[PDB]
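So this first bit is one chain, no partners, the form deposited in one PDB entry, shown in structure tokens.
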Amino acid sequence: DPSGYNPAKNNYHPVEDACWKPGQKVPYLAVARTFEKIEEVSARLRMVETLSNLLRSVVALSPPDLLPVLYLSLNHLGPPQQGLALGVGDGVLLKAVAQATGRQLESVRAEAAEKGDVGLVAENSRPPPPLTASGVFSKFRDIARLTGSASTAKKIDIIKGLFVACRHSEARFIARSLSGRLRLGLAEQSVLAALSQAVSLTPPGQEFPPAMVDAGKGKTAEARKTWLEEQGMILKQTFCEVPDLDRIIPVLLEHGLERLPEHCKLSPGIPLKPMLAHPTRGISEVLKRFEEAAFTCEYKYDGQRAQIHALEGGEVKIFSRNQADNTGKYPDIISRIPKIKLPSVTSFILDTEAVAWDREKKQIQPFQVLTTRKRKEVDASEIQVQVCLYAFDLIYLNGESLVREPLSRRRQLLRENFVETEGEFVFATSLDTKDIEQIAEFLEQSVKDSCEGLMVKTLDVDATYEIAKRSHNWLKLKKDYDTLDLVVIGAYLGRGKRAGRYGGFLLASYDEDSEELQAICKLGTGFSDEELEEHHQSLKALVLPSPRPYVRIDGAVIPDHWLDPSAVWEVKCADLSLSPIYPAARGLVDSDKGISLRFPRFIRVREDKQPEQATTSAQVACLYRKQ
């Protein structure tokens, strides 16, 4: 009986403690109950162990279900390059809940808003055979495949069929998954650790009943932890280089974990998660961490991280940092390929930054202009916003992976085999030096050239390419490394930890000329959970039925509740920015823009100030002219 399944028990037996028989399908209730126990236990090690116990039973009894169970635990539909999206959110899901329960959409919306979790609405109110893990996962991909006119009704029909067959907590987790907020607490890192733990304790490919159910039975605590850690590194190193569960899992099941590296090798065509950098507080922190290792300084470009794959045989593909295929977004980049390599180059993987380039002015354009590029089936002749590629690394070249070579070798191979064209393809502006004064000028020269600052990377000491890692061998020297008193004019309903309260707030400045409150930004960060739930009733007491006449929000997201303008909060932010959405100081710096706060954060209540004593809009413009 799956309703009593307990993958959080000590001395978990993969066969006897499972809630289904060998050879039959894993029931979705087993996955749901695992999700329940993962959320109950209060330690990450226990959450991994609980998920591992489910995978051990899946490996021992139902190997062909391992892939769906992994994808359901990750709330994904397949490999990232395939670009499958459900096309459903809270809107489509609430329509299905209202139809499945025969209730009005408004009453279902209000209940979902009050509880901040659509999964609770679908569960608390709802014969068909029990749901299976592979069955539910197949329905998820069916919903994703439906597009075009009248496709919403077809999606809701599949969703409705899921809710009628749900039992116990199944409907809460199907609803949360379909909405894109499963909130399991485990993701790629933990799910991979659970997988390696499972196949280590209960090896795959055994004849039923498995003679080996717990390979760590006799080990001491320290030896067991060390052995699991070492096995986890084998799976995570191979996955970093071939992040495709559709390729990894069949080979893992047929040849085991320790033989898995000999079958999966890095090659062009499969996107990789790029190497990332850690922020630094200044140049002195950079030299302290790098000590004496020689490093290089490159411009910190403001564009899209673009991984360019050239397969042996001419095929070129462009991937995003999240491993989505963007080849169709960049027809201009494809046509540029023969102009950027010597004829001797036949295959590679480039690490570049695609930056919007004003071809008439020969200048770099900010990231916002880049987002206005079309995404859907782009024609090169219709491209309005050209791009210049700024290449700075080389992962693969002519059949050989370079990830283990030092950056000085990879940089050299990049310069020796690829050719530069102005405003199209160039190497990142770089400086090799140790002089603190010289570095400081390069950073100022960088922001003058319309960049965010400097990236600093070691050349030979700890200078390998670390896939899917925010490394400490790369450092950011960012320009952004203001305090304002704003009025709270609206509240947004909260989800997750803020389910029974407010999740965000709409802030506004004071316009002296018109005596109006002008929306300036949304705020939801900087609060402690205590000072939010303790003072929630104070703000709820200010709810109005209608917006006050002097409150002006223009294109901002209309609040879930208008609040009586009375609360003034001290708010900090990184910088200000021109915004086409917010009306604060709309005609003071630009003719039709307006100023908003980038990354605002709550600091303190200002109960001594009234709304008309807030930071004026004129003061917002004055701060923008300086920044």
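Residue numbers count along the first chain shown, from 1. In this text, the rigid core denotes the largest set of C-alpha atoms whose superposition between the two forms falls within 1.5 Å. First, how it differs from the form deposited in another entry.
Superposing the two forms on their core leaves just one of 440, 74, 158, 215 with a Cα displacement of at least 2 Å between the two forms, namely 440. Superposition of the core reveals a Cα shift of 2 Å or more for residue 538 between the two forms.
Superposed on the core, the two forms differ at residue 431: its CA moves 2 Å or more between the two forms. Taking the rigid core as fixed, one finds a CA shift for residue 512 of 2 Å or more between the two forms.
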Second form
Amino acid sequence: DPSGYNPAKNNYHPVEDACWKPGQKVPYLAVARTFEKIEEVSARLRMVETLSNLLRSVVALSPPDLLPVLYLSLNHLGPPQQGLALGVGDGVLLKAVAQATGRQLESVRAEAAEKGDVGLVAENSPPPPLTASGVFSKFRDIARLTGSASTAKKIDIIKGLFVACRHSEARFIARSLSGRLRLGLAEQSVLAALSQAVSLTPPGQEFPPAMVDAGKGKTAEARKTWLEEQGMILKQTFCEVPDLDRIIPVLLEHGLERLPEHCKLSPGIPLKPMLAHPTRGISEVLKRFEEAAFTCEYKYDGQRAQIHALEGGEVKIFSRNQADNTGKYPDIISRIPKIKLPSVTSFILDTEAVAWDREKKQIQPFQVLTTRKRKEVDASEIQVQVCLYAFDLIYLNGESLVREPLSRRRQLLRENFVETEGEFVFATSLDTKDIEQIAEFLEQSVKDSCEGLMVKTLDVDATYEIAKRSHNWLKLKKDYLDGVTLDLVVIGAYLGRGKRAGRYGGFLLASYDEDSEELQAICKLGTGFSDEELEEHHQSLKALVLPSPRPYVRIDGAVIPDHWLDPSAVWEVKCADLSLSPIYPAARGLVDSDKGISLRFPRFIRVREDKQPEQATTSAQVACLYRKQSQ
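I have the form deposited in one PDB entry already, so could you send the form deposited in another entry?
Keep in mind that what follows is only the chain, not its partners or any molecules around it.
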């Protein structure tokens, strides 16, 4: 019986402990029961084993449901490049919860805010049982609804789900819709569970499967080593082809050992990009890299563009998160013939697209880039031009370069591609181990409109193998260095969600405007404090809660705090940059008549226990800092 389904039990048997009949649809309650057992524990290894048990039963009994169960576990709707999104947030969701439970919407909103979780409100307040594929399909139905009256149609589907929910299902339906499943298990653990499941219980056997536990005859050491090896086969393939729609049919038909024979890196199919680990100083860079020669490059402030040229000439462009951006950049597309030597027949390039001012011939801020339209059919209508800064080459003329060292990938990039100023340029770079030269290069990068340096080894562990290490590169920014900040007043707090439930998750901060003697909201703040500090803030600020705002506190367009606070606490906050804000009033009129100023990537540093609000950073100082950054 699905109500008693226990994928965390000892001696889990994929056949005998499943809670549905062979070949029938996996019930959604089996998924919900699995989620309960996963969120109850903190050790990822234990979460992986529990999910693996569900997956082995899916493989053994009902293999067509493997793909929807995996998406439900990731809370994804499909492969990233297809771009389906629910179009559902707390607004649509709580209205649906309110109507399903028959309660007033304010009562539902208030309880969800206090509890920090929509799932508990949806649950604790005729139709056939939900199935995993049925729920997944309805989720995709919600995402495809568009046009006038689509909100009411989305709500109707959601109410239909809640009406059919049993036991714990409503909790997880609502958390999924809210984007906050909170399992503690995400992409890497799902892949580990999948490789473990298909290794222990191979797909494609006639029911009942003759092989239920392929690890039974191995010592514990041989079992661990084997599962690690199978797990790396799945992880390397997925990093090249992060698309379960392609992988799972192949896995089900040919098994995991033969997977790389059928799914490999190829132009037109986005791959996982290499990411960067933040490093807090040049000395820390030499420590992570030890003896290995490395290169430093400008870290451009734009958007990543993974540019694919297929054999035959089709070009596709993907984002860092593998969204299809091809329709966004008809200007890039028309430029491709200019950037390659005539011998290049296909490639995958790793680049940064940066807004570029063709009148002044210079880079423009990230903010300017974000004003491009999402779709543009005529390059003629484009107003924000872009320059591509190329820094890697992943595939060339039919061959993957993923196992080549950066020294060779970079040489192939420079040898086979053609620069045009203001259109396509190789990232500015420096090969050195001299601490003083690196420090000056870091300074120069900021003067040249970049946010810092990327650092990459050239020959030691210098490949593009994301499954081996996804953060193989280092990012170095001046704002990571100690002593290289603003003192702001806490004027409000926001109730925490999830891991912050039951305390404050965020705070509203303000600068002191000397001329009006008012406090002006400047940004929110929600990271940089330890768990212990955040509880201390909850305890000390609760004494300062007020029913109504003070008349000298101005927040204009900011989110109204859940709790207004008597202005008293002053905190030191660090940011990457200041920005001209559409909503915050701080220093409005000092630089821009209509816009005040906010903080890019603010983080809490420490309490200024001995600073009164009137001695906080002033709005005039905020303006001065913004002007200094703006040349």
